[PDB]
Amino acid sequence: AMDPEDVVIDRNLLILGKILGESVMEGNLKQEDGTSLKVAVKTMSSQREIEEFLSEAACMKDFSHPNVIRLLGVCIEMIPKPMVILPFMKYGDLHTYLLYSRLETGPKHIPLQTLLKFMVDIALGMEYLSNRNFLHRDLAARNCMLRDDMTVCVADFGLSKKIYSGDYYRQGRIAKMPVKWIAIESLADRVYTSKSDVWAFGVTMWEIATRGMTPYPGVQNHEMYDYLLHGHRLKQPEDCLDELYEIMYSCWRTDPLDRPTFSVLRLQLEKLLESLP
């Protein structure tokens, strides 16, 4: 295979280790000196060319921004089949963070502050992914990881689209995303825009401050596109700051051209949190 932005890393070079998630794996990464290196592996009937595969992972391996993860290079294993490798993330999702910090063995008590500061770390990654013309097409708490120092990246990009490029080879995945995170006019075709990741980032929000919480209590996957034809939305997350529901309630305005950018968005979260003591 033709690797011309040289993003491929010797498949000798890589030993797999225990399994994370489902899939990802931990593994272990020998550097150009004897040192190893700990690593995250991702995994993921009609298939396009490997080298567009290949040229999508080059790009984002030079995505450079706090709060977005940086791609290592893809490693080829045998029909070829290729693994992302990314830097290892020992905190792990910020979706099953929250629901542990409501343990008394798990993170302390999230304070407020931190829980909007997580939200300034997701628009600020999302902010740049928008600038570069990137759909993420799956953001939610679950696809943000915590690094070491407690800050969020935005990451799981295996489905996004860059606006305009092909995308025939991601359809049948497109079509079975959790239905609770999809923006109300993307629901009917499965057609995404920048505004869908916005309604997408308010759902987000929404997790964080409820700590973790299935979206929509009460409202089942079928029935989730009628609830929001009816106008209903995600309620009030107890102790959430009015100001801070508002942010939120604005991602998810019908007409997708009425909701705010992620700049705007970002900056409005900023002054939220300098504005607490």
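Residue numbers count along the first chain shown, from 1. Only the largest set of C-alpha atoms that superpose within 1.5 Å between the two forms is called the rigid core. First, how it differs from the form deposited in another entry.
Core-superposed comparison between the two forms: among 64, 214, 31, 221, the single residue whose C-alpha moves by 2 Å or more is 31. In the core-superposed comparison between the two forms, the C-alpha atom of residue 50 has shifted by at least 2 angstroms.
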Contents of the next structure:
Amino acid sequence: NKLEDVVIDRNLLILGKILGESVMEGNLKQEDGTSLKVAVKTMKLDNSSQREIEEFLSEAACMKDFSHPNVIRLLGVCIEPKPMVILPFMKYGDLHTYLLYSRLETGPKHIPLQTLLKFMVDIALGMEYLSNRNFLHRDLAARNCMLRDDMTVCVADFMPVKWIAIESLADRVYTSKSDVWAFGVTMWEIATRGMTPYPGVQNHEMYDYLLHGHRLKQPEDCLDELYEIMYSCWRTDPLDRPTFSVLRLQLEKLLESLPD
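Could you please show the structure of the form deposited in another entry, as a counterpart to the form deposited in one PDB entry just displayed?
Chain alone follows, minus partners and molecules.
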């Protein structure tokens, strides 16, 4: 079919050093003759059937067609029976490490409230886009949000139980509203500038902790208005959580009320 319209000739790609193990730096030769710096995620698939490859190549097909500043564009796929996902290389890396760096004197200056909110808005904008294409993220976390060269935030990858919604921990279900829950935790990650969610609480204790009605606490710096937006992402009934479309406007309106 046209699921070779996402496959790229292996010859056009050279792999460099491992960035995490695997993710590698790379050079892609583009249709216009120039060379682009790429990141290259390699996936070990269950090759006992075709199920994994079908799911992969399908999702990849429409991930490639995602055009939006706050969503990472998939450039294509290579097969060395070993598939490789080819994404733009982001010199500024993930948001989580950026926030940690900001708390060092040598790293980025003290990020003000305004900038933290814009990051949250950027991520809402990307998730609002993905919701419109009826496309589940399933791994929203600060570490999976990338910084474009203009310092705008795009979403990427589309037991991490501390980002998984109560209904998804128990029932084994995942909807747009679970992504909203994950966006809540991400917002908290940003306001705390990179704290692990739920200090005091071990991973295996998270279901009971949530079940007894407890949620992430308001960070020290955090505006009440911001914390009420964050909290709204963790309401027990998925149907009570706002849409990304609502969250994005609430955050834009908050950001616009703060001075320049």
